[PDB]
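What follows is a structure written as structure tokens; I'll ask about it next.
Here the complex is missing a single protein chain, while all its other protein chains stay put.
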């Protein structure tokens, strides 16, 4: 059920948002930065599964993974910022290298400056769809 | 030597994980800090099993397709002692997407603190010794 | 006009499905022919709901995201009468990866022959009349 996936996406995003707000109030420790990255990862995993579950509900069983799901979501208007959602997939592919502080800082910057807003917009869109 | 350069990166990663583990031994971690400990586990484990894959490729074994194969061959050859613990690490890796549930995050953290950190350190010392002698 | 080009291909697809459906009324299909009937249902259904999407888009509706949306709007606007049958089509589409199981292949084939074929034929007449 795509609505159950959406409810879990909402929960995960709530945790990500608490971390983003914290980072707004003060600098994050190195450990907290790693945690923000992990929350981004479980929120994005939920998001593209919401996409795939929703298109399955619509009758599209051809979508396989996150790139398929993101491309169909952009094509059908579930997301507007196709570029940012593609960048998220690239960021996920960098996860194993965040023990380098430059990589961690770059991913954190993208999460705060771009991904959180896009996650919130996708939540609002999918909630409006049911 | 490829496996030795990987090991240098593994050692760096593990130093970061160890900082977080000893802090966790000191006080409760926040939810966000637990997520960070899990992330550090993930990059440390990824490096560890690739050290093993590199090492066994250097030794002539090209039948390692992932962390399970690498762990099995390492336990077969004695690079690791605690087979069950290293297998459980793979289960923990596969739970990463569910750590927005507090019970899942708490269980991975518990396993990192009680078992995985020790195994990571033992494996580092083992491979450091293998730079010098069988 | 995009939707009429889609309709023209839908007609060609439905003609091929009809051949197989009328053959199945004649005799048992081989296991392979059953798979072929399912494939023709797949390409005929895919054209059908994209005809609906293209048509409503040509009337100014850009809110259709998939075959379920397209079916609902077609029912609301009278392009189909058998809303529940068209809804079952979507369930059938979502099962085609499992037609290596005979229970699944036979269920889909039965629905194609007993229900979907006539629904496809009605939709053809409706949209050719709007053409």
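Here the chain labels run A, B and C in written order, and each chain numbers its own residues starting at 1.
In this section, a residue touches a chain if its C-beta (ideal position, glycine included) is under 8 Å from a C-beta of that chain, and two chains touch if they have at least 3 such contacts.
Asks: Going by the contact rule already stated, which one of A:66, A:73, A:91 or A:110 would touch the omitted chain in the full complex?
Replies: In the complete complex, the chain left out is touched by residue A:66.
Asks: Check the options B:85, B:90, B:104 or B:113 and report the residue that touches the missing chain.
Replies: B:90
Asks: What chain A residues would touch the chain not displayed?
Replies: Counting only chain A, the missing chain is touched by 48, 62-68, 92-93, 95.
Asks: Need a quick check: the contact residues on chain B for the chain that isn't drawn.
Replies: So the residues of chain B touching the missing chain come out as 49, 62, 65-69, 89-90, 93-94, 96-97.
Asks: Provide the residue numbers of chain C that touch the chain removed from this figure.
Replies: 9, 12-13, 16, 19-20, 23, 30-40, 42-44, 46-47, 96-100
Following the convention adopted for this analysis, only the chains that are shown with their structure count from here on.
Asks: If you average the CA atoms of chain A and of chain B, how far apart do the two points sit, in angstrom?
Replies: For chain A versus chain B, the centre distance works out to 26 Å.
Asks: How far is the middle of chain A from the middle of chain C, if each middle is the mean of its Cα atoms, in Å?
Replies: 35
Asks: So which bits of chain B are touching at least two other chains?
Replies: none
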